[PDB]
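Shown below, as structure tokens, is a lone chain in the form deposited in one PDB entry; questions about how it binds or moves come after it.
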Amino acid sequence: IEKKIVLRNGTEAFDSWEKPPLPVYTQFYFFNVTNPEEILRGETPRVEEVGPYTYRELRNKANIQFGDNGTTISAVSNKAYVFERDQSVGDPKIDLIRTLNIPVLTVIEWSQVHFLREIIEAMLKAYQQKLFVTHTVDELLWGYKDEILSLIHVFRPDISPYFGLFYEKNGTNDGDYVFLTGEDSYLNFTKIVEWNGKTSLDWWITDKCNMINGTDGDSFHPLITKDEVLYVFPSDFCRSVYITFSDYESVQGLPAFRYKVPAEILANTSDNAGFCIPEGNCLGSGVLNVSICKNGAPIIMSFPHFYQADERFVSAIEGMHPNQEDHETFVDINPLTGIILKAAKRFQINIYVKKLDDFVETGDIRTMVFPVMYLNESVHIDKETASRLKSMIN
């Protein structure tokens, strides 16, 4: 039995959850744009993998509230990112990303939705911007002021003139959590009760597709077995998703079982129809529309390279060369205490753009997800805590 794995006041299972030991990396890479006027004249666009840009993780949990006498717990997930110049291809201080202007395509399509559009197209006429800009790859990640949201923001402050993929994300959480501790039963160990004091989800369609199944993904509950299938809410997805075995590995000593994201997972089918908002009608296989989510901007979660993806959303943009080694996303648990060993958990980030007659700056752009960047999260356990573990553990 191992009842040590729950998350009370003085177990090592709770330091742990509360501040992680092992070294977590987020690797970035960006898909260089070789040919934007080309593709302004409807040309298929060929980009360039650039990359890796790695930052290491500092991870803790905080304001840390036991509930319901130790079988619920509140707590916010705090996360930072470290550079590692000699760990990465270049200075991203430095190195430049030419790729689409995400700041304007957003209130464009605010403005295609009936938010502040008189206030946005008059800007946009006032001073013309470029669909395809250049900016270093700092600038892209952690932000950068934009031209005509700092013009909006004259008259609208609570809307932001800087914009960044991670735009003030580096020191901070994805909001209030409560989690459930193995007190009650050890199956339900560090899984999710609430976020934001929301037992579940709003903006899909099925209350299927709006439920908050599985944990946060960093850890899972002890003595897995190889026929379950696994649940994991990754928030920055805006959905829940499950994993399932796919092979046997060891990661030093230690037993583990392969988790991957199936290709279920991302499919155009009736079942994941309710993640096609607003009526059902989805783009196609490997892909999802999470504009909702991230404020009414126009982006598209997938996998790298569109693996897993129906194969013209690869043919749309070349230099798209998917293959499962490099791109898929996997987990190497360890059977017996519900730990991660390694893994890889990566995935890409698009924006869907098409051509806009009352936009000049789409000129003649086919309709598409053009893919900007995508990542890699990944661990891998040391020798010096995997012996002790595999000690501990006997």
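Numbering follows the first chain given and starts at 1. Heads up, when I say rigid core I mean the largest set of C-alphas that superpose within 1.5 Å between the two forms. Compared with the form deposited in another entry:
- Following superposition on the rigid core between these two forms, the residue from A267, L187, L116, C276 with a C-alpha displacement of 2 angstroms or more is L116, and no other.
- Superposed on the core, the two forms differ at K125: its CA moves 2 Å or more between these two forms.
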Given for the second form:
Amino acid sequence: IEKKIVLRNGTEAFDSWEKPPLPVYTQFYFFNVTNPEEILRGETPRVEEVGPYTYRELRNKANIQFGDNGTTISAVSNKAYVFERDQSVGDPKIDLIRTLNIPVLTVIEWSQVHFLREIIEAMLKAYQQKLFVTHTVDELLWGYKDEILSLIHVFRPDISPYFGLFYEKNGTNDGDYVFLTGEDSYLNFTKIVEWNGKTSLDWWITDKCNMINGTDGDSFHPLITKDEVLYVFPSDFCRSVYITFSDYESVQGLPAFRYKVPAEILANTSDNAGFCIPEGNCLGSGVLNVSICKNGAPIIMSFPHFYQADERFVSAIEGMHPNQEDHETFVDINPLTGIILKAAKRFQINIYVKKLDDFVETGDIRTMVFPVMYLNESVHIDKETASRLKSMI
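Output block for the form deposited in another entry, input the form deposited in one PDB entry:
What follows is just the one chain, with no partners and no other molecules.
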């Protein structure tokens, strides 16, 4: 039986789970801001799309421990990025990007006491701080010492002087996980049952929204059916997500079902009401306020170029040209085994920006969801692992 697919010491399923043989890549694309001064005078932003900066991933399950009479398994999943110049537009240690000053907007947000806010402006004034700043791709991705934060750190040692979109993420894991192994039922293969000791999330408004559904998205139960909907808990996206069957496809020499992230996921629906922290008040279709889980930083999640989002989000920023073939999230799963043969996980990091009377640095900036960068975390099965699998398929 395809019951061969269980996380039990000695199975091939286990080994490929513990030491993933498939090479995963992350490609970074940034939006270079061309008119900072004009943006501050209330004009429409104009951005230029820079990328890729291709990094090959290094993945490994650590701290593995079995449980509940072989029903469960606990582990962490370490991810490290190795830069590939040959596959990139340029050197991230040289190439520059003018974008928003996330540390300053992050600090302005954190302040809701007048004294606190008076202190911050004083520092911005004195230090001649700006809303639009230029850094290397490397500094933006991996971290740079910020002047304002360095000074805050002196008074509040809990506050880090460093900032990066992926700061302290090279080598680390996304917390402790306890997975249900396919021993009790195959449908229950790699199903997440706990994340950081909690069986559910606590940062959303409704019981439904806070649910931890599905697998980490790196695998799925065997014997899938064209009609079922598949759930994924992408830790980074801060909520569970489901994917729906699109069509049949052939990867290497193996059959697959093309599963895509449907529009409904981030649409302004009743089932997505609880993803709106201001007492139900929603920003709009195609965007997620990930502020609660991003330690108060004004981060807004979306899909690249605001694909599957409200037209107003696209009109807002000049240089946004969404399309399905370039911005969608798909995954080609071999139906029999549940093994991902080809995939593309694509999402965008945005900042919620607006004119603040207390902060001259904002000027007359339009109230908007500002694009910073998006990525393409992708996978493609190799001829060696594919041939190995054809024996089973």
